[PDB]
Amino acid sequence: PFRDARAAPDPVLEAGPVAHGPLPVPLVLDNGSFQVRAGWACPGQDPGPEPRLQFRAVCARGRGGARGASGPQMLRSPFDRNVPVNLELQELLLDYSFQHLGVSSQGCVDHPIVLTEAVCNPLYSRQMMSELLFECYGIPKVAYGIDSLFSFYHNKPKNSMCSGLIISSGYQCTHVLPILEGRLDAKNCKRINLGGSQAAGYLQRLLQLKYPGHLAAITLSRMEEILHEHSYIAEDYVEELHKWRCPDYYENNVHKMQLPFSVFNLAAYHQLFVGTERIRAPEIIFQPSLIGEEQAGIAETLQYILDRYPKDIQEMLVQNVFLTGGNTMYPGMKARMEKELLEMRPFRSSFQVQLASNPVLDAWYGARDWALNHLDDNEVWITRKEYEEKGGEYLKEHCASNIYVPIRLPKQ
Amino acid sequence: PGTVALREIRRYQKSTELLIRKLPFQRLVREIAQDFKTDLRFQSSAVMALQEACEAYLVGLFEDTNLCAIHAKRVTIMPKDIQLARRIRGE
Amino acid sequence: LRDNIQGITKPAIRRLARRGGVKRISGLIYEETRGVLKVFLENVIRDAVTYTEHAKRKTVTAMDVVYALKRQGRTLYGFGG
Amino acid sequence: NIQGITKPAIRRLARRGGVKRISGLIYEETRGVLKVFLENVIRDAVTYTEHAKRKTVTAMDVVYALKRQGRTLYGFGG
DNA sequence: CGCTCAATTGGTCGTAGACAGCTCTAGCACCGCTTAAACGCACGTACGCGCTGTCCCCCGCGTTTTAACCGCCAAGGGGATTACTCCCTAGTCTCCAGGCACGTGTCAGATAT
Ligand SMILES: Nc1ncnc2c1ncn2[C@@H]1O[C@H](COP(=O)(O)OP(=O)(O)O)[C@@H](O)[C@H]1O
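Top line first, the protein sequences correspond to chains J, M, N and R.
Under PDB author numbering, the residues of the first sequence are numbered 7 to 79, 93 to 281, 433 to 582, in order.
Under PDB author numbering, the residues of the second sequence are numbered 43 to 133, in order.
Under PDB author numbering, the residues of the third sequence are numbered 22 to 102, in order.
Under PDB author numbering, the residues of the fourth sequence are numbered 25 to 102, in order.
It cannot be assumed that every hint is accurate.
[As the list claims (entries may be wrong)] For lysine-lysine, the following BS3-like pairs were computed, each having C-alpha atoms within a straight-line distance of at most 30 Å:
# : chain 1 : residue 1 : chain 2 : residue 2
1 : R       : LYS59     : R       : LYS79
2 : M       : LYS115    : N       : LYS31
3 : M       : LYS56     : N       : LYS91
Read the hints as simulated data drawn from the structure, not as lab findings.
All chains, full assembly: derive it from the sequences and hints.
Dropping the structure here:
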């Protein structure tokens, strides 16, 4: 059968840690349309033991006058299309995270922080986010970067001017990130508007249409079992759905987990047979025309960005295709990706596909190991005295982070 | 100005004769009959009974299309107003 | 040639529209109307011929079409029957 | 007493018809549509019943009324 | 913000077409009157499945406060109207010509007065 989810962890702490040399340990925080992930950096230790608040970033409140329902225990979330675009829920999300991390004594957030932002972040959203971060929370200095570049910075061979493609996936997007000598080539980076939410919503809608006996019993929190544990991505899609065509393959390979139980009962508590369906929700990022929506998908975007470039700079970067975030958790992902890439490389040419050491957590460990090294790069971090003149759109172009564009925003 | 068409409405609502040219209509009636079946030929009264039924039917369609556009807060008809006027009739 | 139903002229369809009481007419409406006008004969001439084919005559009478119009729920006076 | 056909029942009929958003003046105006339809099939049926001279309004008299309106039905009498 | 002007909607004269009373005809089913068939109104006589209040939990409803939406504000630029420019085909009416029907043909060859 299905399991069910679990909640109410013990992230209860004293007001904060203290470490040798400069005393203020930085906070490391990831945004996330699926889940937020956070912690104190734990500097001077490599085996960073306790990331905390690894929680589904969706909230409510008790409208009868009870409590703010920020943490784990209809619903709203502070992100749209992977960019934060909210205040009235973003506040109680950050307050909840800061309660469990601890604040040292009073009505200001004492320690410096590193925080994730979108592959490109709309100028106004950084303005609103920095305005919350400095008007309300009052942090002394702040750093920004991308989950994908942080998880790459974690998985690099060396702390050097490496180059590659980063392939990223998550709730409402996947992005292809051409990085040249540590610099994101933002003029020819691309994204597809599909990923985890679309795959889960699609797998739901398939089972809603295929099994009209159980229409309220199936829900996204049950789709996540079959999506993250029973599904796999094809090595070649027409080759997998071809071998599903014969019943002797089907009945042996099909997954068959019962609904939660109380005519041989399964007409009410069905095994919800999935065979091609446990491939279709994975394929969405490769063929978005499995949904209605026309976009190139990962294979044609990967080809499209490469033919922007001279043939030598292709060969020296395609040596590091890195897989990270979200849907890259599917079993068989590397074996699909390297086949789709072999089909479009020059005939004898070499390439290598690298999968993250932990495709969900490595963004935090990347930002952590980054902050542990860049701790006193006082030119890199956005300092509170810089936000005292810079309007909140501002960014500084440090390694493993987004590209600033010189610009100014009217606000009153 | 762009609106004195409202005087055409009143003129062609005062008028009650048939509006399509008899020869074009008779040619079309015969062509549709002849590719349907061989040696069908029409008395003038049958072509007139056809044309009166056609033009009364189209005046009904235009009245129905008028109410669809008026309901859509328009003062203009587009082919979509006719396609509602068909589906809402079941045509 | 003009046999493409365009022989049902723009101003004639527009005059039927004006008797029908409609104001501004978009330029695709004439052709959409010619589509309906064919289909009305694909009902009426076709069934009228099934009444002509009751007697198996060469002449279509006003009776033959009035019977088709009667079964199609659009009865007509002045011709009798 | 029309209020015996309920606010959720008038919503349910529209939801069985597949409707998304609505505005609540639909409910009493729909009771108006239903009132004239229901009155028509009743008055037609009683008109067929009184030709058969019985005081007991009877299923086939309702069938003759519905069949005059072009509608065919079964299980009751059919 | 109410005029002058350039155009109809509506008015008077015109002319012959399209009625409606003849002016009968004569074909026919209507009206009269018995004849005759069989079932309509009458009607017991079998016995009932609509309605009358007990017992018990179901559905509709009011209340509440989020948050999508229709009604609305104004502007956006392209496609429908108002009007002129020119090309053709709808209607006139003509002669051609042929199918349906009626009729004389006739005399033959098949049938019976
Ligand atoms: N298992 C998962 N399933 C779905 N999405 C996930 C999963 N793990 C991580 N993500 C995705 O990671 C994406 C980007 O990285 P994330 O850790 O959330 O930081 P950020 O949004 O700031 O870039 C998000 O869009 C999120 O949905």
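Consistency of the hints with the structure:
Annotation: proposed proximity of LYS59/R to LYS79/R holds, straight-line Cα distance about 23 Å (limit 30 Å). The hinted pair formed by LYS115/M and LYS31/N meets the criterion: a straight-line CA distance of about 26 Å does not exceed 30 Å. Only pairs whose Cα atoms come within 30 Å are accepted, and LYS56/M paired with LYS91/N is accepted, the gap being roughly 28 Å.
Figure legend: structure checked against the earlier numbered hints; every hint is met.
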